[PDB]
Every structure is written in C-alpha cells, then in structure tokens.
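**Q** Below, each chain spelled out in residue letters.
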Amino acid sequence: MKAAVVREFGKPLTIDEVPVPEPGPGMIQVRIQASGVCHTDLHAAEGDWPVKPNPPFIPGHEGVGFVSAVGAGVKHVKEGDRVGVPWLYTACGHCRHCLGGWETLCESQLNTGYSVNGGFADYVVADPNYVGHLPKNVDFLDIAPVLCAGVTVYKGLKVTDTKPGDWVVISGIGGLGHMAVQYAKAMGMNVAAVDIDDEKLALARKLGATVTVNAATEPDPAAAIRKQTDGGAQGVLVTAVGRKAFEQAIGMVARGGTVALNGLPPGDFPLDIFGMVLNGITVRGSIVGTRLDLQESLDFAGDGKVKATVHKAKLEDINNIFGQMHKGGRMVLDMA
Amino acid sequence: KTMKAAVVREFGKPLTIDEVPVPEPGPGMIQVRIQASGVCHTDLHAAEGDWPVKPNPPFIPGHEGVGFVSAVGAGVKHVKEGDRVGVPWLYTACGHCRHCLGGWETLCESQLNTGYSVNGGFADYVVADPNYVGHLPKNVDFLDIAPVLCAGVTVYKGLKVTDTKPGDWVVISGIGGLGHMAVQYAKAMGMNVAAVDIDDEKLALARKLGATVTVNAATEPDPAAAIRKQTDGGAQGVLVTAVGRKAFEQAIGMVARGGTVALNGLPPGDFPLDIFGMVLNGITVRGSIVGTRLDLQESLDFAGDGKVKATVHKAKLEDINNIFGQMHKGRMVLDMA
Amino acid sequence: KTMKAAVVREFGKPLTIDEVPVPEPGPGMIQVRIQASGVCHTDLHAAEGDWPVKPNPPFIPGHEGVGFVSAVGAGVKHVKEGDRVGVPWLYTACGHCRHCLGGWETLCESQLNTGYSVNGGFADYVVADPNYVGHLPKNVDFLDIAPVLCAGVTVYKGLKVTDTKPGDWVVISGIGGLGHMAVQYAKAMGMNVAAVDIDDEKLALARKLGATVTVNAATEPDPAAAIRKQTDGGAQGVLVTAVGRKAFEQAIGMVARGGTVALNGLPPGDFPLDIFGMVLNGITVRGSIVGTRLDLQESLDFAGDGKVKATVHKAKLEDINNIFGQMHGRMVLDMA
Amino acid sequence: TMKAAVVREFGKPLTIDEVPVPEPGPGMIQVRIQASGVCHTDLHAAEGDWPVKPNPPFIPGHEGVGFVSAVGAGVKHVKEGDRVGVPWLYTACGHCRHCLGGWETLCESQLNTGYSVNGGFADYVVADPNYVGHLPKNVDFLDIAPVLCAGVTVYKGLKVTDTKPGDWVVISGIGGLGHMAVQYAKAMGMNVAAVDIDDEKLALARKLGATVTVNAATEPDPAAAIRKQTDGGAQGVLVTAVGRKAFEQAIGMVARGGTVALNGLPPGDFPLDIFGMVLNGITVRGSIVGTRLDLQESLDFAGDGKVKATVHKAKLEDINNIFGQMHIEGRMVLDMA
Ligand SMILES: [Zn+2]
Ligand SMILES: [Zn+2]
Ligand SMILES: [Zn+2]
Ligand SMILES: [Zn+2]
Ligand SMILES: [Zn+2]
Ligand SMILES: [Zn+2]
Ligand SMILES: [Zn+2]
Ligand SMILES: [Zn+2]
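Protein chains in written order, with the deposited numbering: chain C, 5 to 332, 336 to 343; chain B, 3 to 331, 336 to 343; chain A, 3 to 330, 336 to 343; chain D, 4 to 330, 334 to 343.
Fair warning: there could be bad hints in the mix.
The calculated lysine to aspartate or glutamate pairs, modelled on EDC-like cross-linking and capped at a C-alpha distance of 16 Å, are [what the hints assert, rightly or not]:
1. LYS231/C <-> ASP165/B
2. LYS189/A <-> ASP276/C
3. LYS316/A <-> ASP146/A
4. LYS231/B <-> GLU111/C
5. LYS167/C <-> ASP303/A
6. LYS162/D <-> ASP165/B
7. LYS162/C <-> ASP303/A
8. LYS231/A <-> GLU111/D
9. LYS167/D <-> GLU111/B
10. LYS162/A <-> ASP307/C
11. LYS167/B <-> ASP303/D
12. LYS167/D <-> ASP303/B
13. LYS167/B <-> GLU111/D
14. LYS210/A <-> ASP224/A
Ranges of calculated distance between the beta carbons of each label pair, as one might list FRET restraints [stated by the list, open to error]:
15. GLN328/A <-> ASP201/C: 53 to 63 Å
16. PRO54/B <-> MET5/C: 39 to 49 Å
17. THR214/A <-> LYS167/D: 33 to 43 Å
18. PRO54/C <-> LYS167/D: 33 to 43 Å
19. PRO139/D <-> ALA220/C: 36 to 46 Å
20. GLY271/C <-> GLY77/A: 28 to 38 Å
Please keep in mind that the hints were generated in silico from the structure rather than gathered at the bench.
The beta-carbon is built from N, C-alpha and C at its ideal position, and this holds for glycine as well.
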C-alpha cells in the first residue's frame with residue numbers, strides 16, 4: 005500500500021509504503037478510490053490543535069471506495085458496497101450522545117485520519133456501523149467531497165433552525181461554500197452568498213444564489229445583505245471562519261436567527277454579548293454531522309441536486325495542495 | 003391630577019423625585035396604578051445612558067411595575083379595571099412582522115420598552131398596552147410578584163431556550179436575584195440544579211432553594227471541573243445570570259457537549275469566544291432577554307402555584323438613588343402600597 | 003350603496019345572487035374590494051349547513067377573497083388604502099388566549115371565520131380585520147392568487163405538520179383542488195413527492211408538477227404496497243387531501259413507522275383507526291385545516307416566488323350554484 | 004436449569020418447566036433474573052391473539068432485572084455483576100434510518116423480549132448488551148422491574164405529548180402504567196389530572212401527586228369535568244388503559260393542539276371524529292415502551308426517588324393465577343431470588 009504519512013509534525017507528508025491494514029471484529033476494509041483533501045488534514049499534518057494526533061498517522065477523512073474485506077463479525081455491510089470513511093470513525097455506543105442520535109458529540113469517539121489512519125492510502129480499515137453507503141449514480145470523484153464538506157454544510161444548515169423559504173447567507177463561498185449553496189438551494193431555502201472574490205460570486209449565482217454581496221468592495225456587506233435578504237438572513241452559515249467574517253456574519257443574521265460556524269480557526273473571537281442577548285442571536289458550532297446526516301447528504305448527492313466541483317490529483321502532490329491551502336473548489340485525490 | 007415619579011433629567015445624574023403629571027390612557031391603552039415596582043440593573047443602565055441605544059430624557063425607568071388597572075382605553079377588550087396586571091419590559095410591538103406573527107414579539111424592531119423607550123413603573127401610575135401587560139396570580143402579593151416581571155421571566159425563558167428537559171442538569175451561574183429565581187424555576191421544571199457563585203451564603207440559599215450541587219467559584223481549583231464532576235459530565239444547560247467577565251468562560255467550561263449556554267445579563271463590551279471549542283464541542287450560545295407574553299404568563303403561573311418565590315428587599319421610592327448607589331457595588339423592590 | 007353577493011338565504015336552498023348593502027368598515031377594520039374569490043368545498047358545506055357547528059344564514063360564503071384595500075377604519079395602522087390583500091378562513095382571534103400568544107390563532111376558541119361565522123369573499127366588497135388579512139405578492143394577479151388563501155395555506159401547513167424535512171418522502175393522496183397545490187409546495191419545500199389518486203389525468207398532472215412516484219389507487223392490486231416499494235418503506239409524511247374511508251386506510255398503510263398522517267379535509271362521521279397498528283408502528287395522525295397568519299405569509303411567498311402555481315378555472319358569481327352542483336383545479340370567481 | 008414459565012402452546016396454562024439455561028454466545032450477555040414484572044403483553048404473547056403471533060415454545064416476560072451472570076465474547080462495556088434489565092426491545096438492525104435517528108423501537112427487524120426471543124419469566128435470560136437497561140443502585144430489583152416496561156412506556160408517552168413543565172396532562176386509567184405515569188408526570192413539572200373507573204385508584208393518584216381527580220364512572224361525563232378542572236382542557240392525555248369509552252373521553256378531554264398519546268394495544272378499530280380532530284388540531288400519537296435513552300431516563304427518575312411502582316410481590320408458580328387474575335392493583339413482579 006502507498007500512503008501519505010505525517011511522521012513528524014510540520015515536516016511535509018512523505019509518500020511512503022506502509023503495510024496493508026487488516027480488519028478485526030466488526031471491522032471492514034475499504035479499498036480507497038478517491039480521497040478528498042481538507043484543511044483539517046492540513047491542521048492534522050502541522051498539529052496546531054489543542055488535542056493532537058500521535059504521529060506517524062495517515063490523514064484523510066474523505067476516502068471512498070469498495071469493501072474488499074469484512075472482519076468476520078460484520079452483519080450488514082457486504083463486500084463490494086460503495087462505502088466511505090467519514091470524520092467520525094467509531095463511538096462508544098452507550099453514552100447519552102450515542103443513544104440520542106448525536107454520536108458526533110461522543111467524548112470517546114475516534115476520528116479518521118486524526119486518531120486512526122485515514123483515507124490518504126489505498127486500503128483503510130473502517131467500522132461498518134459508521135461508514136457511509138454511497139449512491140450508485142455518482143462517481144467516486146464527485147462523491148468524495150460530500151463525505152466531509154457536504155455533510156458538514158448539510159448539518160450546518162440543519163442546525164440554523166431554518167425552514168424552506170427562509171433566507172440563509174452562505175459566507176465565504178469556497179469549496180464548502182459552493183457545496184453549501186447547492187445544499188441550501190436543494191432545501192427550498194433562499195440563498196445570499198457573501199465572499200471576497202467576484203468570480204466566486206458568479207459561481208454562486210450559477211448555483212442558485214439569488215443574492216450576492218462582495219465582502220471586500222462593498223461599503224458594508226452586512227447592510228447590503230440585510231437590504232437584500234428582507235431585513236437579515238434567517239440563518240448564516242460561516243464557512244471559512246475568520247475575523248470580519250464572524251463579525252459580518254453576526255451583523256448579517258436577523259434577530260432570533262442562528263449563526264452556524266463550520267470552521268475551526270485559531271484564537272478567541274470577540275463576541276458582543278450585549279448584541280447577542282438583545283437580538284436573541286444563537287451562535288452554534290458544528291463539525292461534520294452524524295451518520296443520519298451523512299446518509300441524507302449522500303441521498304441529496306444521488307438526486308443530482310448537489311454537485312462538487314472537484315480538481316483531480318494524485319497522491320504525490322498532496323504537499324502542493326497543502327501549500328495551496330497555506331497561501332489560500337475541492338481537491339480530491341484520485342486513487343482510481 | 004398628579005403623581006410622584008423617579009425621573010432621569012440627565013444621564014449620569016442622581017434621579018429626581020418629581021411630581022410629574024399622571025399619564026392618561028390612549029385609545030387601546032390601559033392605565034395601571036403601581037403597587038410594587040422592582041429595581042433591576044437595567045434601570046441603572048437606562049438612567050446612566052451607558053448602552054448602544056439610549057433612552058430619551060426625561061423618562062421614568064422601571065419595567066417591573068405591578069398593580070391594579072386604574073383606567074381603560076377607548077376600545078380595550080380583554081383587560082378590565084381592577085385586573086392585577088404588571089407592565090413588563092416588552093411594552094408594545096408592531097404586531098405584523100415575522101416575529102410578532104410567529105409569537106416572538108420580543109425580537110421585533112418597532113417594539114418599545116417600559117422605562118426605557120416609554121415612561122415606566124417608577125411612579126404612582128403608568129400607561130401600558132393591554133395586549134402586552136401580564137396577568138398576575140391573585141394568590142400572590144404585589145411585593146412578591148414584582149420581581150417575576152423581569153427576573154422571573156428572564157430566567158424562565160433562559161431555561162426554556164437552554165433546550166433542556168426534566169431530569170437534565172442546569173448550572174445557574176451567579177446566584178443574585180436572577181440566580182435564586184432561576185434555581186427555583188429549574189427546580190419547578192423537574193431539572194437537577196447545580197449552582198455556582200463566588201459567595202457562600204448564596205450557595206446555602208441555593209441549597210435550601212433546591213440546588214443539590216453547589217460550587218464556590220472563589221475557592222475551587224477550577225469551578226468548571228467541580229461542576230463536570232458533580233453533574234456526571236457537565237450540565238446540559240448553563241444559565242449565566244451574572245455574566246461579568248469570567249463567569250462566561252467558566253460556564254463555557256461547565257457545559258456538556260451539545261449543551262446550551264444561555265446568557266441573561268447585558269455586560270459591557272465584547273467577550274472572547276473559543277470558536278474552536280464551541281464548534282468542536284457542539285456548544286450553543288444563545289442570548290436571552292426577558293421573554294414574550296406566553297413566557298411571562300407561564301412564569302406568573304409558576305409563581306402562582308408557590309413553586310417559585312423571590313426574596314425581596316422592600317424599599318421606598320425616595321430611596322431609589324441610594325438603591326442605585328448600592329447597585330454600583336435578593337431582588338430590590340419598591341413599595342407604592 | 004349596494005353590491006352583488008351570493009347570499010345563502012337558508013340551508014338547502016340554492017345561493018341567491020342579490021344586491022346587498024355595501025359593508026362599511028368600522029373602528030379598527032378595513033375593506034377589501036374583492037377582485038377575485040376562490041371556491042372551496044368548505045363554502046359548499048357552509049351553504050348547506052351540514053356541520054356540527056353551522057353558520058347563521060343569511061351569510062355570504064367565501065374565504066379566498068383577494069383584492070385591493072378599499073377603505074380603512076379609523077385606527078388601522080399597518081395596511082394602506084390599496085394594498086393587495088386577501089381575507090382567509092381565519093377572520094379574527096381573541097389575541098390573548100394561550101393559542102394566540104403562542105402563535106396558534108388557528109386554535110383560538112373565539113375565532114371568527116370568513117364565509118362561515120361572518121360574511122366573506124363571495125361578493126364585490128367585504129369588511130375584514132387588518133391584523134389577519136394576508137398580503138399578496140404583487141407579481142401574481144388576483145385570479146391566480148385566490149386559491150392560495152385556502153388551498154395553498156392548507157397544504158403548506160399540512161406539509162409543515164408532517165414533521166418532514168427536505169429530502170423526505172411525502173405521499174400526496176387526492177390530487178384535486180388541494181393535491182396539485184400540495185405537490186408544488188412539497189417540491190418547493192424540498193421534499194420528494196409521491197402522488198396517489200384514482201384518476202390518471204390527475205396522476206399525469208402530478209407527474210408533471212414533480213411527483214417522482216405516481217401510483218393509481220384503483221388500478222393497483224394493493225396501492226400501499228407499491229407506494230412502500232417506491233418510497234423505500236413508506237413516506238415520512240402522508241398528506242390526505244380528499245379524506246375517505248378508502249383514502250385514510252390507504253394513507254395509514256402508506257406511511258412509514260414513525261411517520262405522520264396529516265388530514266386536511268373535513269369529512270363527516272367517525273373513521274376506523276387500528277390503534278394496535280398505530281401504537282406498534284408509532285404512527286402519528288394530526289389534523290390541520292388552515293395555517294396561521296405566518297404560515298399564510300410563507301405560502302404567499304412561495305406563490306409569489308413562482309415555485310407554486312395553481313391551475314385555475316374561472317367563473318362568475320351568477321353560476322356559483324352550478325359550481326356547487328359540480329361540487330357533487337380550483338374554481339375562482341373572477342369579479343374584478 | 005431454570006424455572007421457565009413456558010408457553011408451550013397458545014391458549015393453554017403456562018408450563019412451569021425446568022428448561023436449560025441459555026448461554027451467552029458471542030456478543031451477548033447472560034443475566035441472572037432477580038425480579039420480573041408481569042404485563043398484559045405477556046398474556047397476549049401467551050394467548051397469541053395478536054397480528055404477529057409469537058412462536059412456541061417460548062418464555063414470555065420483558066421486565067427481567069438482575070445481575071450480568073455471564074458476559075459473552077467480544078462484549079466490552081457491560082461487566083459481569085452489573086445491575087442490568089432486559090426491556091421490551093431486544094435488538095435492532097443497527098443501520099436503518101430509525102436506528103440512526105435515535106428511534107430503534109421504530110425499527111423493522113427488531114426483536115422483542117419474551118415475544119420473539121425467550122424473555123424474563125425465568126431465572127436466566129440471554130440479552131443483547133447494547134440494549135439492556137443499566138439500573139440504579141439505590142432501588143431494589145422488586146421495585147425496579149416495573150420501570151422497565153410501565154415506567155418507560157409512561158415516560159415516553161408523556162414525552163411524546165409534547166408538553167412542557169407547568170402543562171396539564173390527564174392520566175387516564177390509573178393502573179400500573181397509570182400510577183407510574185402519575186409519578187412521572189409529577190417529576191416532570193407537569194400538573195396531573197387523573198381519570199379512572201375505580202375510586203381507590205383516584206385516592207392513590209391524589210396521593211401520588213395528582214391534583215385533579217374525576218371518576219370515569221360516577222360522573223355524568225368525565226370530559227366536561229376534566230375540561231373545567233384543567234382550565235379549558237389538558238395539553239396532553241396519556242391513555243394508559245385504552246378502550247372505546249376511554250378513547251372517546253380522552254379525545255374530549257384534550258385541549259386544542261394537544262396530543263393524545265396511546266399506550267395500550269387493544270384489538271379492533273376505534274371511531275375518530277375527523278371533523279373534530281381536524282378542526283381542533285388534535286394529534287393522536289401511539290407510543291410503545293421507548294428507546295434506550297428514555298429507558299435510561301426513566302431508570303434515573305426511579306433511582307432518584309421520584310417514581311416508585313406499587314409492586315405486588317408474587318412467585319413464579321402462580322403466574323397462571325395472575326394470568327387468570329389479568330383476565334390487579336399495581337405491577338405483579340415475580341420474585342426469583
Ligand atoms: Zn475535511
Ligand atoms: Zn458515545
Ligand atoms: Zn430588569
Ligand atoms: Zn413586530
Ligand atoms: Zn385566542
Ligand atoms: Zn377553505
Ligand atoms: Zn409490558
Ligand atoms: Zn433499524
């Protein structure tokens with residue numbers, strides 16, 4: 005097998021040859037055919053997060069492919085199913101979160117490519133109770149970003165308490181941003197995109213955004229959004245969480261609205277507690293959703309209502325991709 | 003004829019006990035004879051004009067004024083004379099926007115506020131909208147029902163927006179008037195109440211009022227670890243009643259993953275926020291002000307059954323400035343009876 | 003002055019098109035020059051007086067009267083002299099009961115109804131309450147917006163109380179005056195639609211409007227079996243628009259375990275209900291007839307955005323009786 | 004060997020047989036049974052008069068509590084000697100939409116205790132470690148067996164009434180489920196009205212926390228009395244013992260927009276006034292025992308001393324007698343220790 009192993013933090017990933025994993029009880033083995041590249045993989049490679057991985061680990065939580073083995077205890081998943089290995093790898097199974105349909109909040113959970121070896125390889129051992137099952141009518145390259153970006157933005161839009169026909173701003177139309185635009189349009193929600201570029205605003209207009217505001221050349225983007233979204237978006241999905249981005253997001257959401265945050269920035273953002281209380285503003289965090297959310301997002305991608313603009317790549321240029329993310336659609340490694 | 007009120011002639015200057023004229027009830031408006039008006043930090047902040055949107059002087063503060071209906075407007079339909087009503091913080095609302103039609107009239111924009119945008123309950127008489135006054139339980143005295151109009155409804159709605167259910171842990175941070183009121187409300191909702199405050203007599207007050215877990219912020223290595231230990235993993239809901247600067251960080255540490263932190267205070271300036279922590283833990287941070295008419299009526303029902311009572315420190319109108327002095331360093339309530 | 007009005011002089015007798023005094027609004031009231039007026043089976047029942055609570059003749063039926071605001075009473079504050087408004091089923095509410103305070107004025111014990119408890123839209127003028135009249139989008143004419151005051155709001159609220167989410171399955175049964183509106187709303191609200199009806203012109207219309215699944219009730223050995231086949235196990239929401247002993251039983255069969263059955267009709271009599279089946283399957287059965295002011299506003303937003311278009315056949319007042327005869336597509340009494 | 008009250012064939016007295024003890028194969032736990040509630044579901048499993056009949060010979064009973072006598076291969080979390088229960092739900096598929104949504108009771112390929120696999124009416128029952136309730140330590144097995152079926156059923160039925168603390172829930176038909184539901188709705192911040200055909204049961208409810216009683220027999224109509232003593236109608240109606248009279252009365256008792264939750268499993272159909280049910284906005288939902296999380300929550304209420312089932316101790320060899328007796335105050339719990 006060939007992987008991209010973070011042997012020591014900070015130093016660039018080296019394309020080594022590591023042994024082929026083999027599944028244990030209730031464990032399947034996936035033959036990766038695509039593997040999305042996310043900024044969470046960059047932060048796992050560098051290691052600048054409170055709780056860190058123990059290198060050498062293989063990153064990547066967007067690996068999709070075939071089941072090439074079942075570890076002799078697996079009941080449902082067959083050998084040939086189109087599966088993927090998302091962020092959530094396992095869970096305890098008995099805590100209040102695992103029992104309430106909220107296993108992403110489990111405190112003993114593992115994370116693919118963070119606490120266990122991930123998608124940046126040919127074969128991965130995964131847990132069949134947590135893998136996502138993929139629709140047939142979608143190729144692996146266009147379904148890999150949905151395993152972390154699609155589910156993240158779908159759950160983020162679900163936690164804004166927004167219904168169809170309500171205004172949701174998608175802030176920072178990147179890869180996650182364009183995926184979120186597609187999901188928000190597929191849910192009946194009016195969309196108002198806000199980014200710093202104008203080509204991305206054109207892309208959002210193509211994707212069903214009826215409102216666009218340039219967050220870099222408008223006098224105040226929040227006033228523009230409140231003008232066009234009938235007095236403030238009912239939900240704001242902040243996709244790339246930065247400063248003046250969280251600020252404009254707080255300014256754009258209408259009273260009683262919800263600011264879902266789908267990024268993991270560093271530092272401590274200021275929060276106008278007075279304004280949040282006076283406006284009844286909810287601010288909620290959400291990293292990639294649960295198994296039901298993943299399944300529903302894969303079903304949105306099986307109807308051709310959400311498509312991921314993907315730039316194919318081999319394994320050997322992963323470093324460059326991280327370089328491209330260090331400076332600043337979606338980069339899917341091509342294992343097929 | 004004439005009435006006595008605590009007017010704010012200019013911001014930051016001592017409130018003046020004036021003999022202002024009695025307000026008259028406009029068409030669709032009732033006139034209430036105040037009997038016990040509560041004092042809140044909001045009254046001091048309105049008199050001091052230290053908020054982003056400021057009141058317009060001269061104005062009479064006070065949004066916890068309970069009493070009898072002394073007059074009815076030319077057209078009112080459901081509030082009659084003698085109805086023991088209390089004029090809350092939410093004075094009016096437009097009644098046609100997406101918030102007032104949805105039953106979220108406290109989020110409206112054309113809304114007024116008693117004692118802030120209009121004259122309030124620090125007087126012998128007031129003028130209020132009958133569609134927005136609360137209806138008090140007849141088995142509770144005015145002096146004991148005045149704090150419910152702001153403190154009680156604020157903590158009640160704050161507990162309702164924590165999205166907890168009976169049997170869940172709720173940490174009532176900052177046991178002041180709001181803190182003890184919220185302890186009682188969380189007990190009356192079948193929730194297990196952990197209590198955190200720097201003082202200790204207030205922690206014993208929490209103990210008697212229903213709290214089974216009490217943590218002293220001053221004398222623990224870190225209060226959030228004690229809360230997480232004694233609540234089996236962190237409270238499902240945290241209600242920060244006294245958000246000064248670090249109760250917020252302690253609350254964020256106390257809450258469990260997927261839990262909700264509800265803020266009821268109006269502290270100055272901006273507070274840090276571990277967006278990484280709040281996102282990775284699934285935390286929800288929500289801001290809560292008093293609450294709507296349904297929530298006010300529900301809190302009044304709770305105060306009518308005797309499951310929630312406030313410790314009041316009765317005082318007179320002429321002491322208002324002195325009270326405000328004490329408020330620069336137990337819900338204070340004035341007595342017009 | 004005088005206006006034309008299809009008065010129900012007494013129950014049983016046919017409607018009498020008469021010259022009746024022009025209704026002048028009073029303190030806190032407005033007047034709506036009725037350009038168009040939809041026709042519903044509720045109006046026929048009011049004309050026939052065959053309900054447990056009956057109207058009080060002579061009364062003017064009609065709860066879909068749209069038009070301009072002609073006059074305003076001394077006191078009105080939000081509507082102006084000439085806005086496109088409509089008078090829906092809900093004419094007033096107490097304002098202070100727990101239902102009104104909670105945003106549920108459709109449940110007020112003291113609600114007045116248009117065309118049932120007070121006069122209505124089957125006339126050239128009406129006196130309505132400005133706090134409860136819907137506000138019409140200006141890009142849709144009265145003829146095509148009259149059905150949205152009863153049918154559109156009814157099916158919108160029914161779909162909302164099915165507790166469904168975008169990507170779910172809702173089975174619309176009875177594609178008629180309500181069913182095609184329901185198909186359009188369920189497609190605009192983001193749900194997968196399955197239509198069920200006895201007729202095949204109705205099924206063709208539904209398949210056009212976005213019903214990915216259509217099953218014929220009378221040309222299928224067992225319909226519910228085929229619906230469950232083509233919905234992966236049944237629908238999370240089942241909207242019964244034409245409530246029948248056949249329709250309700252088939253709806254119970256079609257819904258999935260845990261799903262909701264929304265009954266939007268008002269049939270007569272007492273219907274069978276397998277309590278064992280309901281409890282075992284965890285079925286939920288609700289009943290909603292017309293949505294609230296905010297749900298009306300949301301349905302009007304869907305209508306004005308273009309995502310929902312009623313199919314309308316127009317008439318004049320003078321043949322309302324014939325329509326009532328034909329009451330044994337949505338008829339709209341054009342009188343602009 | 005054990006003392007299994009086997010249903011060797013449907014319709015016959017249960018043979019008290021010395022069957023072999025089941026063994027904990029891979030991924031399973033074996034429980035030694037110290038107590039076991041008796042429910043009418045067990046009687047209907049014995050008589051097989053339900054649509055999906057069981058398959059004899061089988062051991063009924065879905066309330067068996069005790070210690071984990073043995074742990075099978077692969078099991079990681081449940082230790083031998085833990086106080087576990089074996090509830091109505093035995094297993095689920097683990098991958099369907101209902102399972103992933105926290106609704107594994109709604110599953111299609113689920114198993115049932117004492118209905119589709121051998122159950123609690125024995126000394127040892129082999130259960131699935133992922134679905135066994137984990138009992139508190141301050142409650143006896145004889146007093147915690149009824150919670151596994153009656154307590155969970157009433158708790159979940161109260162939760163699906165979508166009522167909030169301070170609401171009104173009418174508990175119709177005080178029995179085992181009825182009295183446990185009175186206690187649960189009390190421990191939820193809810194006001195509890197009680198309706199029953201006896202009168203000693205109304206006294207028991209009046210003592211267990213209920214504040215409104217109406218005799219379903221000696222009254223001209225229970226619905227009017229309930230509507231008058233709940234101020235317009237109850238927000239929730241938990242129907243514990245369900246019948247054509249009880250269902251009609253419940254639909255009459257509930258306020259508009261309220262939920263009528265059904266816990267019984269009666270044969271046949273029932274009349275539904277669709278005109279009234281649609282005009283009134285009523286919701287008629289049917290609830291069965293409950294999910295693993297709700298079982299945990301019910302056991303937590305039972306441990307904390309807020310819910311106690313009035314257990315009437317029996318032995319194993321008179322189960323048939325109880326079955327005849329079931330053709334009954336409190337919950338007949340067999341004592342197998
Ligand atoms: Zn990622
Ligand atoms: Zn867990
Ligand atoms: Zn206050
Ligand atoms: Zn408003
Ligand atoms: Zn009302
Ligand atoms: Zn209608
Ligand atoms: Zn049972
Ligand atoms: Zn399942």
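**Q** Evaluate each hint against the coordinates.
**A** Hints, one by one, checked against the model:
| no. | hint | result |
| --- | --- | --- |
| 1 | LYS231/C <-> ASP165/B | violated, 32 Å |
| 2 | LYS189/A <-> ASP276/C | violated, 39 Å |
| 3 | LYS316/A <-> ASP146/A | holds, 10 Å |
| 4 | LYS231/B <-> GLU111/C | holds, 15 Å |
| 5 | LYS167/C <-> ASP303/A | holds, 13 Å |
| 6 | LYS162/D <-> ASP165/B | holds, 14 Å |
| 7 | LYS162/C <-> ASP303/A | violated, 21 Å |
| 8 | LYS231/A <-> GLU111/D | holds, 15 Å |
| 9 | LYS167/D <-> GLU111/B | violated, 29 Å |
| 10 | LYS162/A <-> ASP307/C | violated, 23 Å |
| 11 | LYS167/B <-> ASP303/D | holds, 13 Å |
| 12 | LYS167/D <-> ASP303/B | holds, 13 Å |
| 13 | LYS167/B <-> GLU111/D | violated, 29 Å |
| 14 | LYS210/A <-> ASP224/A | violated, 24 Å |
| 15 | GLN328/A <-> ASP201/C: 53 to 63 Å | holds, 59 Å |
| 16 | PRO54/B <-> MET5/C: 39 to 49 Å | violated, 59 Å |
| 17 | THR214/A <-> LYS167/D: 33 to 43 Å | holds, 38 Å |
| 18 | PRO54/C <-> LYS167/D: 33 to 43 Å | holds, 37 Å |
| 19 | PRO139/D <-> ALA220/C: 36 to 46 Å | violated, 59 Å |
| 20 | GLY271/C <-> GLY77/A: 28 to 38 Å | violated, 54 Å |
Hint compliance for this structure: hints 1, 2, 7, 9, 10, 13, 14, 16, 19 and 20 are broken, all remaining hints hold.
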